[PDB]
Amino acid sequence: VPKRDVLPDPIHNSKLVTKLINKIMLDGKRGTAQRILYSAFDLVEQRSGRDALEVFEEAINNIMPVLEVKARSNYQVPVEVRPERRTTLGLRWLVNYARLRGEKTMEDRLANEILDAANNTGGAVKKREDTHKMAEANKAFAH
Amino acid sequence: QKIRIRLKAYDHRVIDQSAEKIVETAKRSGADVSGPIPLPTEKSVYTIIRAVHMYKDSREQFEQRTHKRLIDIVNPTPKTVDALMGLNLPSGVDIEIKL
Amino acid sequence: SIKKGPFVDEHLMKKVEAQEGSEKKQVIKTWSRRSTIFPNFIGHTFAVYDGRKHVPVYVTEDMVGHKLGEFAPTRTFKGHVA
Amino acid sequence: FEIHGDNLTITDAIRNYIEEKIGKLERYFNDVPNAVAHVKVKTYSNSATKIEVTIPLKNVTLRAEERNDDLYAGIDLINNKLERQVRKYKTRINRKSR
Amino acid sequence: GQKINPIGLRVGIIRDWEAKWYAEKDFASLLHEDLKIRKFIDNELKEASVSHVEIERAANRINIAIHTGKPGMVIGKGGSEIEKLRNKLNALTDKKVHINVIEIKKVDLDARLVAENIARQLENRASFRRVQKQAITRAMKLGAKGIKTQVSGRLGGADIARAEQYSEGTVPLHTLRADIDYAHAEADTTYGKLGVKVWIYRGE
Amino acid sequence: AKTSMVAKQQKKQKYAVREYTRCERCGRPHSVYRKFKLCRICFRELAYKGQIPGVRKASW
Amino acid sequence: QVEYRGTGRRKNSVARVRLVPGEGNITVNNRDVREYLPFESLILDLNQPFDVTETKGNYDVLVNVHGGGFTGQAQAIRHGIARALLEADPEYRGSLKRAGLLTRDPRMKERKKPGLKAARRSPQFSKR
RNA sequence: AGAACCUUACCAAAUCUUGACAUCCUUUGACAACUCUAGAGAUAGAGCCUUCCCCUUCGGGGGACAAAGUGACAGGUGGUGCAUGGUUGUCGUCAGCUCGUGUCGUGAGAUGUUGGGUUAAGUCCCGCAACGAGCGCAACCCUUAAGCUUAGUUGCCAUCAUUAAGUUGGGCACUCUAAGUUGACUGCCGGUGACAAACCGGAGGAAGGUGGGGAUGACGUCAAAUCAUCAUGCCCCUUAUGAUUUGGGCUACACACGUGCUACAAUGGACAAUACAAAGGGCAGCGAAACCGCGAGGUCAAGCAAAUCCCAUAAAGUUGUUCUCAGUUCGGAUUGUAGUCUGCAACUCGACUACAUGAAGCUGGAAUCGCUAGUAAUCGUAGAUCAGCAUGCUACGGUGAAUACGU
Numbered sequence: 007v008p009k010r011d012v013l014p015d016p017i018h019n020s021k022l023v024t025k026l027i028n029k030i031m032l033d034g035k036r037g038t039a040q041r042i043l044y045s046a047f048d049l050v051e052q053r054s055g056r057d058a059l060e061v062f063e064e065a066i067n068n069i070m071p072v073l074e075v076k077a078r083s084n085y086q087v088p089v090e091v092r093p094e095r096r097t098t099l100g101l102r103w104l105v106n107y108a109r110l111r112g113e114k115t116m117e118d119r120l121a122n123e124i125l126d127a128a129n130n131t132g133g134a135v136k137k138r139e140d141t142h143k144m145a146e147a148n149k150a151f152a153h
Numbered sequence: 004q005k006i007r008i009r010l011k012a013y014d015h016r017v018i019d020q021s022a023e024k025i026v027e028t029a030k031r032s033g034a035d036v037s038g039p040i041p042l043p044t045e046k047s048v049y050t051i052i053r054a055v056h057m058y059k060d061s062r063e064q065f066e067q068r069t070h071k072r073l074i075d076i077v078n079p080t081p082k083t084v085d086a087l088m089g090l091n092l093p094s095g096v097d098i099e100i101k102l
Numbered sequence: 004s005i006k007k008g009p010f011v012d013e014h015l016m017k018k019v020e021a022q023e024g025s026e027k028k029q030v031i032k033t034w035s036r037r038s039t040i041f042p043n044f045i046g047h048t049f050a051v052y053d054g055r056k057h058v059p060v061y062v063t064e065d066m067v068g069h070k071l072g073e074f075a076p077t078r079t080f081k082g083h084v085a
Numbered sequence: 004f005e006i007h008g009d010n011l012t013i014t015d016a017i018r019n020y021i022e023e024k025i026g027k028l029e030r031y032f033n034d035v036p037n038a039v040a041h042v043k044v045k046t047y048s049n050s051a052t053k054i055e056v057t058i059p060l061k062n063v064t065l066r067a068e069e070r071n072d073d074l075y076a077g078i079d080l081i082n083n084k085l086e087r088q089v090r091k092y093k094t095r096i097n098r099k100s101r
Numbered sequence: 002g003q004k005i006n007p008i009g010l011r012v013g014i015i016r017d018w019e020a021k022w023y024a025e026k027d028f029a030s031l032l033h034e035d036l037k038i039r040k041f042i043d044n045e046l047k048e049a050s051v052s053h054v055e056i057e058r059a060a061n062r063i064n065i066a067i068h069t070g071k072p073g074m075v076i077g078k079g080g081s082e083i084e085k086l087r088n089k090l091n092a093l094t095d096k097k098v099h100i101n102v103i104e105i106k107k108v109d110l111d112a113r114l115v116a117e118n119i120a121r122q123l124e125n126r127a128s129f130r131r132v133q134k135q136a137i138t139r140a141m142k143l144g145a146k147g148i149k150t151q152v153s154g155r156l157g158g159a160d161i162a163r164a165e166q167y168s169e170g171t172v173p174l175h176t177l178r179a180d181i182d183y184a185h186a187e188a189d190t191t192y193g194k195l196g197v198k199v200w201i202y203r204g205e
Numbered sequence: 002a003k004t005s006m007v008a009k010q011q012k013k014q015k016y017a018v019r020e021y022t023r024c025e026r027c028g029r030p031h032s033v034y035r036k037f038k039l040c041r042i043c044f045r046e047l048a049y050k051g052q053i054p055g056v057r058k059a060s061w
Numbered sequence: 005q006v007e008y009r010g011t012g013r014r015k016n017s018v019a020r021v022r023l024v025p026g027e028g029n030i031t032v033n034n035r036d037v038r039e040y041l042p043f044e045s046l047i048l049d050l051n052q053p054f055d056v057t058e059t060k061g062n063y064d065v066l067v068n069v070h071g072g073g074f075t076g077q078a079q080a081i082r083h084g085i086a087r088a089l090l091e092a093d094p095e096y097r098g099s100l101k102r103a104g105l106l107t108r109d110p111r112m113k114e115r116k117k118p119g120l121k122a123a124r125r126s127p128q129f130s131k132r
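Those protein sequences? They're chains g, j, s, v, c, n and i, same order as listed.
Just so we're aligned: the first sequence equals residues 7 to 78, 83 to 153 in the entry's author numbering.
Just so we're aligned: the second sequence equals residues 4 to 102 in the entry's author numbering.
Just so we're aligned: the third sequence equals residues 4 to 85 in the entry's author numbering.
Just so we're aligned: the fourth sequence equals residues 4 to 101 in the entry's author numbering.
Just so we're aligned: the fifth sequence equals residues 2 to 205 in the entry's author numbering.
Just so we're aligned: the sixth sequence equals residues 2 to 61 in the entry's author numbering.
Just so we're aligned: the seventh sequence equals residues 5 to 132 in the entry's author numbering.
You may find that some hints are simply not true.
As a list, the in silico DSS-like pairs of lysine-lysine whose alpha-carbon atoms are at most 30 angstroms apart [what the hints assert, rightly or not]:
#1 c/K194 with c/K149
#2 v/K24 with i/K131
#3 c/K4 with j/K46
Just so you know, these hints were derived from the structure itself, not from any lab.
Kindly produce the complete structure, drawing on both the sequences and the hints.
See below:
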C-alpha cells in the first residue's frame, strides 16, 4: 500500500529526477535513461541558459494539475488529487508526450517540451487545460 | 607424508558419525588427523510430470544429494591403515583410501 | 554433406560394374537412396524404388542439377488441391 | 469452431445444416467470434447421438449440449436452449439520487 | 495434489531406504540387479506373505533380510530351503548372498499382510465389507491409533465400478510426523480388478 | 506391436545406430533416461518406493 | 594504527568490508569504486552512512568482493560498513537503526515453477 | 523430454508361420567366428570351427545349446477409460465436510455446524439441548534472512615475505564450506476491547504479526482423461487383425485456429577498447595452450571422475567513432553458390560457416490477455531429451520501475 520511496536525486540534490529517470528507465536500463535526461539538463540549461529549476519547476507548475475526474450509472465525478498522483500524472504526460514530438534527438524534444511548458504552451499545458475543462464542466451532476 | 579419503553417501548423519568411527580408531593408533573438513555437497535435479497421456504443465520434481568429506592425517604408519580399512559401516559410504 | 567424399552403397556400383563395360543396358531397378550420380553411371537407366514403385529415369548428360535418390517426390500430387 | 466428429465423419451436409442454424441467431447479435461443436457416437449400446456445443459471447460465453436419437434431432433439441441460455441479458436501468 | 501416499513425503526423514548399496554411477546395472530379486520373491509371496525386504550390499557381499510372519516356513525345519535359495539366487545374482530373515513382531498388524489377506478372502467369494469389519476389529485390538481401509472396482462381481472405505481411529495424514505404513494390493476372480488402499497410524 | 520390438532394441545391428534405450519394466521408449533406463513413470512409482536414494524432495 | 572490518551480504554479492581511519577513499579489488561500478554517480548513497554516522567523516576503506552485479555488489558494501560502525560505536546504532543500513535486506530472487518461460510471463487463456 | 533409416503405430514391395519371441515334453549340444556367391537387405547356398567347458566309477547329472517335432501356446499398437484397477487435471489451497451419544419432532429431518465479536481459515472466545470426536486449515518438514560453535582443502589472504598469477612459505583470522545450536513465539510493553477472544501502536531485534516461498490439494463434481505406461473383465483374430526385411510416410498446402519467435530504429543500427554472476556437466567425457583457416571447424596434446582441470566467455552495460531519420548500415525472410560436423546414409527430411541477393513491415483496427516488488520487463547462462539436432521445457543468475484511492 505504501509507494516505495526514492531517496534523493544524486544530481543537483533534487528528487524528482530520480522519479523521472525511472520513467525514462525502459527495459530496466538506467544508465541510458540517466544519460539522456542529464543531457537534457545540459541542453535546457544552455538554451536561454538558466538553472534547472526555473524551466523545470515552472513548467511542472504549468501542466501539473489540481483536479482530475473519475467515473462511477456512469457519472464522471470531479475530484481533488492526492499530490503524489498530481506530480505522478504531470510527469506521466511529460515523458509520454516527450516521445510524441516526433523528433530525432534524445533531449531536444525533452528540453523543447519543458521550455515550451515553462512558457504555458504545448500539449502538456494543453492536457492541464482540457482536463480542467472536464473539471467544472462536470461539477454539476457528480460532485 | 599424509593419508586422505573421500566419502559419498546419501544421509548426513551416518556419514559424519562414521567419520568419527574411523577417525576415533585412527587417532587411537595415530594422531595429526585433519578434522572433518566439509565440502560443498552439491546435488542434482530430475523433473517428471504427474501424468500419463497429457496434462504436461502440472508436474513434479526430484533430485539427488551428493556429500563429500575431506579428512586427512599426517606422519603415516601401518596402524592408521588398519584404522582406515577397519570400520566403515554402514556401507553406504564410498571410501576411497589414498595418500 | 559428406566427409571427403562422394560414395555409393557398394552393391549398386558393383552392379553397374557388370552393366557398363559391354553393350550397355537401358534398365536398372534399385532402391538407391544412399547413392548418387557421378560420371560412371552415364549412358544407363535407373529406376529407384520411390517407396511404392520404381519408375524409369534415363541417365542423361548433365544430370548434375539432380541426383539419384529422387526424381518424382513421393508427396505425389501434391499433397494439396492447388 | 472445430466441428470435429468422434467416430462420425463430418460431411458437408452436416456443416451446412449446423452453420445454417446458428445464422438464425443474428437476431442477437452475431458478432461471430467463434463457435464449436462436439458430436459423438457413445455406445450404450442403444448408443446415442450426443451433441455438445459451445458459444463464446461478448464478455462471456455459453456452452450447450444434449443427447437424442440422431444428429438432426440432437441439433434441433439443443436448439431452443442456447437461445434462452442467451436471452435475456441487460437493462438495467438508471440511478442514483444521490 | 490430488493425493499421494505420504511415504514419498515421509521418506528422507522418517524411514530407511527400501533398497541400499554404495553410491556409484553404475546404477542401471545395480538397480536392475535389485529388481531381478524383487521379482522372484513373488514365488515366496504365495508361501510366505512377507511385508517387504530392504537389501544392503556390503563391499563384496549382499545382505537381505525378509520381513515375514511365517518364520518356520521360510527357515524350514533346519534350513532345507534357505540354502538352495542361496544358490538358485546366486545362480541368478551372479554373486553370492547372506540372507538373514528378520521376523515380523507385533505380529500380524502390518498393512501389506492384511492387504493381501482381505484381497484373498475377497477372492474366495466373500461379501467384502465383513472382511474389513473383522480386520479393523482385530486392528484396534492389537493397539493402533488410526486406520481406514479402501476398496475399488466391480464389487460383488456385478455392475459398474464402486468404492467404499471404513474410517476409524484418528489418522494424521496431512502431518509430516506420522510414520505410517501405506500399502496396496491387487486381486480379481472373474470381473476386472479390485485393489485396496489400507491405511494405519501406530507411532511417531 | 511392441512385443517383437522388445527383441528389436535387443537384436544386433547392421552398424552402430538405428537403436534406442527404451524402458525395461515398461516398454515406453520415449521419455526415458540413460541413468537408470526407466520410463518417465516407473521412476515416479519407484521414487515413491524410495528404492534407490532417491531424494526426493522439494528443496529447490 | 588500527583498522575496523566487517562482512557484507546481499543479492548474491558478498563483501568483506575493511574500514580503516583515513581520508575516506575507495579502491575495491584494488580498484576505485567509480570507474569500476558502471556508471556510476550513485556513490553519495554509498557515503550516506557517513552523512548520518560520524558525520561528516572520514575513514578510508578496503574491501574484497565477488559475486552478482553492481547493484547488490555496490549494495553489499554498506552493511559491512555500518556493522563495522556498530563495532566502532554502538551509540550510533540509534542513529543507524532509525535510518536502516545495518538491517541486511533478507529479500532476494525467487525460484521458477510451471508457468514461466523465456520472459517471466505466465500464460494467457483461451480467447475465442 | 529429440520422426533421415531406427523410431513408426502408417504404405509399398521382398517374407515366415508352435511363428518375432517365451515355458513345458521329445532329439542333442558348450553355445559359432572369416570369407565366397546371390540378395536391396531379410536372408539364404556353402566353405567353415560352435565343439559337453562343472561333474562323471566307464553311463549319466548339468549352467547352456542345435534344428526339428510337440500341442498347449506365443502374440495382437485389434476393440471396449461407460467392463475396470492404477495414475492424473478440475472447481480449490476454497473453508468447509461428517459422525458416536443424547434431545426434538408422526415423519422426512434439525440440533452440534446456530446467535455476538474476532481471524487469511469451522481462527479462537463468549452465549447457547446440546455434548464429544473425526477429516480439513495452521502446525509439524524443506529452503531462505542473523548470529554462535565444530572443523581448514582443492577453498580464503588478515599480519606478512613472495608469484604474471594465493604462485610458494606459512595462518584459518576472514569470506567460504556442511551439521547442531540460539533466535520471532503478540513474545515485551502501551492502548482499544463483554476485563475474554482479539485487534491498533510502540520498543528492541537480522528478522513482528502464520518473516518470504516449497511441499502437502478435505468430502467430492465432471459417466473428465488414459485399454497406446503397466495390468486387466469381456469380445475378436490366429498361415493372419500376428511377426521379419529395403525404401517411402508420419513434415505435403488454397487456407484457417492457437501458442511462441523476429522486424517495423536514433531510448537506436555499424564498428573498436573494457568491468561484473549464478548454477551445472565431465571418463574416456570434459579437450588447456599452441598451430591452420573468412569462420563453421581441422591438427596436436597438458590436466581432470573434481571446491581443484577443463567445459566457458557472460550479455545487458561502460568508454568512444560513425551512421543522421530513408523502407535507411532499419529490416532480415527469400533463393543460389562454395564449404564444416555427424551419420553407412543429410534429396522427400539435420544443423552451421563464407559470398550475394534484400521480402513484407513505421507499432497494428474492433476485440482481447497477464502482473502488486526484486514483481513485471529485458539480457545472458547451463542441463536433460542426444550419432546428429530446442524460436520448446526445466533450472540458474544479471539488470530492473509505474500502479494499488477505494470495492
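The hints, checked one at a time:
no.: 1; hint: c/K194 with c/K149; result: holds (20 angstroms)
no.: 2; hint: v/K24 with i/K131; result: holds (23 angstroms)
no.: 3; hint: c/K4 with j/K46; result: holds (27 angstroms)
Violated hints are absent here; each numbered hint is respected by the structure.
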